[PDB]
Amino acid sequence: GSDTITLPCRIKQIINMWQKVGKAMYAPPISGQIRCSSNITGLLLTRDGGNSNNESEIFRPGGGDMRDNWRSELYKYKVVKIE
Amino acid sequence: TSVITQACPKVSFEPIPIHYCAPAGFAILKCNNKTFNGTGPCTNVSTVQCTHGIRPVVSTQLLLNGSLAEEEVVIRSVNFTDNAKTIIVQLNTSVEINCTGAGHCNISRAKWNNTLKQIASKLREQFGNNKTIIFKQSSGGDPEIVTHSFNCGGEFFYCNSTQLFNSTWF
Amino acid sequence: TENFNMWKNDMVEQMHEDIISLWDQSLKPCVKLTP
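Chains as they are written, first to last, in the deposited numbering: chain C, 410 to 492; chain B, 198 to 299, 329 to 396; chain A, 90 to 124.
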């Protein structure tokens with residue numbers, strides 16, 4: 410009928426930075442109605458190895474290099490030197 | 198080992214579509230090939246003053262609020278052979294993921339299982355004629371890597387996604 | 090026409106630095122980085 414994929418989620422305050430190799434801590438929430446509605450537009454995967462060209466291929470979620478996030482939008486572009 | 202104590206403030210982070218235009222004596226060349234696939238000699242192409250409305254969303258394993266493929270699901274990687282390299286996937290249709298600070331994110335079961343078989347219709351083998359495609363979840367590593375981490379309403383969410391990547395197809 | 094593009098950039102390195110510098114001005118924490 411209306412089967413939805415419920416994913417357990419957690420709000421952390423101490424995080425490993427994505428900018429550079431660091432750690433950061435933010436204040437706890439103040440709002441009691443944090444609400445987001447995003448549109449999955451993609452996926453960033455990775456494949457299991459040691460089974461090259463064989464019958465199965467395992468693919469797991471990935472991410473981490475935020476560059477790979479800009480790359481998905483900028484792929485079709487390029488800067489050429491103009492006179 | 199630099200520690201910095203700033204007046205940690207409760208602000209609200211909002212994404213402003215960022216347009217990137219031509220930098221100095223350079224020119225931006227947009228490839229118009231509806232299904233341009235990464236590296237290669239783009240046939241249909243043209244100069245532009247600025248790219249397009251790019252929404253800088255920081256998050257893991259799931260690209261959100263961005264550009265979709267206008268034709269079919271297109272994947273891209275530097276080397277589809279080296280298992281160590283990230284494979285980006287551009288989706289055909291958008292999927293929704295509604296989340297709240299109350329600890330959960332729900333996404334339609336049907337909508338997402340469909341995109342999975344679509345992505346499955348072309349994995350590593352390279353749109354391979356056929357073989358078994360398996361979706362498992364993260365092997366391990368940082369919380370931001372092992373879970374769909376993102377900044378929702380200013381706060382940092384770490385959504386457990388074992389349920390999105392745990393299935394088998396052919 | 091008939092040009093070349095790839096898994097390199099345009100604004101990948103640029104944008105990355107704009108966004109890193111955008112986050113800094115916005116979401117301020119209490120940082121800790123290792124030199």
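Do not rely on the hints blindly, as some may be mistaken.
[Stated by the list, open to error] Quick list of the computed label-pair ranges, beta carbon to beta carbon:
1) 439(C) / 268(B): 36 to 46 Å
2) 268(B) / 436(C): 19 to 29 Å
3) 463(C) / 203(B): 48 to 58 Å
4) 229(B) / 423(C): 37 to 47 Å
The hints are simulated quantities; they were obtained by calculation from the structure and are not laboratory data.
For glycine and all other residues, C-beta sits at the position ideal for the given N, C-alpha and C.
Evaluated hints:
| no. | hint | verdict |
| --- | --- | --- |
| 1 | 439(C) / 268(B): 36 to 46 Å | holds, 44 Å |
| 2 | 268(B) / 436(C): 19 to 29 Å | violated, 45 Å |
| 3 | 463(C) / 203(B): 48 to 58 Å | holds, 52 Å |
| 4 | 229(B) / 423(C): 37 to 47 Å | holds, 45 Å |
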